[PDB]
Amino acid sequence: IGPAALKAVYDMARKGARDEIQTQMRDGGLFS
Amino acid sequence: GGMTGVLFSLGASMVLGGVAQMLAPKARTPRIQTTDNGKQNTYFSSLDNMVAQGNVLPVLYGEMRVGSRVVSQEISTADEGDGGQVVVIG
Amino acid sequence: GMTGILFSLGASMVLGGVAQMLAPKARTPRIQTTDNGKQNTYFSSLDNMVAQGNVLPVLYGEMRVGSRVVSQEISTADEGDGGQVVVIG
Amino acid sequence: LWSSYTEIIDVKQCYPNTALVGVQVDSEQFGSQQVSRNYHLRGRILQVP
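Protein chains in written order, with the deposited numbering: chain Hc, 818 to 849; chain Ic, 133 to 222; chain Ia, 134 to 222; chain Ja, 198 to 246.
With the rest of the complex left out, here is chain Hc:
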C-alpha cells in the first residue's frame, strides 16, 4: 500500500538524518 510505505520511508529518513547531524558536528566534520 502507498501511504504506509510513504510514512515508513519518512520516519526512516528521520533517525538517519539525526545521526548524520550528530556525527558531522563531533570533531572534524562540518559542524552541521
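Everything labelled a hint here was simulated from the structure, so no lab data went into it.
Errors might be hidden in some of the hints.
Simulated restraints, written as ranges between beta carbons of each label pair [what the hints assert, rightly or not]:
1. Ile221/Ic <-> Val218/Ja: 25 to 33 Å
2. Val218/Ja <-> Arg197/Ia: 35 to 43 Å
3. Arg201/Ic <-> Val222/Ja: 13 to 21 Å
4. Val218/Ia <-> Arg201/Ic: 53 to 61 Å
5. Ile838/Hc <-> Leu179/Ic: 49 to 57 Å
6. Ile221/Ia <-> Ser224/Ja: 37 to 45 Å
7. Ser224/Ja <-> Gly845/Hc: 52 to 60 Å
8. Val218/Ic <-> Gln172/Ia: 23 to 31 Å
Beta carbons: idealized from backbone N, C-alpha and C, even for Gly.
Start from chain Hc and add chains Ic, Ia and Ja according to the hints.
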C-alpha cells in the same frame, strides 16, 4: 493503520551527548574575548556602569553588589548651602 | 514518463516567517561586551581606523565619518607661512 | 550687589517601577577621570508562600 510498524527505539542516540545532560540541561558559558585578557565574566555579575541606550533594564535577586546603567550625568557649580542658616565661608 | 512526488513545499517556507518571503531582511551585527553597551552600525564608522586590515571603504552620502590613517608624522614647523612677513618678536 | 536670580524646576517625571539611586559628590578630591559607582543592595521582594 491498525499496526504501527517501525517502532524505532531511541537509546544511546540521546546518551551520545552525555548522561548528565538528560538529567540536567547544562549551562551556557560566555564567549571569550581577547582585549578582555583573562577576566572571565559571567552572565550574573556587573561591577561597572553601563549605558542605557535601547537596552534592557537588569534585575537583581539577592545580595551581590552590582553596578548600574547611567541615565543622567551632569556637573554644575556647587552652591553654598546647608540644612539651616549657618552659611559661614570665612 | 510520469513525474511523481511533487511534494508541495508552500507550508515549509512560511515556517521561518512571511515577511522574509518578500524581503531578505537586513543583517545585524554582534555585540561586544568590551565596547560597553554601544550598538555597532553596519553602515557608518565614526571612529578613524587604521589603514591595514580594513578594506578601502566606500561613501554614499553625508555622514561625517572617520578614515583609515595611512601616515602620521610629527616634526618641527617653520616660522612663517609665506611671503616676506616673517617677524618673530 | 544683587546679581542674576534663577528659578529652577526639578524633574516631574517619576519612575513607576524601577529602583534608582541619585548621588551628588563635590568631585574635587577625586581625580580628573570619572568615578565608578557600585552599590551593595539586597534582592527583589518575591511572592513567597
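We went through each hint and held it up to the structure:
Against the hinted window of 25 to 33 Å, the Cβ-Cβ separation of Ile221/Ic and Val218/Ja comes to about 30 Å, which satisfies the hint. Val218/Ja and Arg197/Ia have their C-beta atoms about 37 Å apart, which keeps the hinted 35 to 43 Å range intact. Against the hinted window of 13 to 21 Å, the Cβ-Cβ separation of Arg201/Ic and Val222/Ja comes to about 19 Å, which satisfies the hint. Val218/Ia and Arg201/Ic have their C-beta atoms about 57 Å apart, which keeps the hinted 53 to 61 Å range intact.
For the pair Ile838/Hc and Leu179/Ic, the beta carbons lie near 40 Å from each other, so the given range of 49 to 57 Å is not met. Checked against the hint of 37 to 45 Å, the C-beta distance between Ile221/Ia and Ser224/Ja comes to roughly 43 Å, which is consistent with it. For the hinted restraint 52 to 60 Å between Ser224/Ja and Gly845/Hc, the CB-CB distance of approximately 58 Å keeps it satisfied. The beta-carbon spacing between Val218/Ic and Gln172/Ia, approximately 50 Å, falls outside the hinted interval of 23 to 31 Å.
The structure fails to meet hints 5, 8 from the earlier list, while all remaining hints are met.
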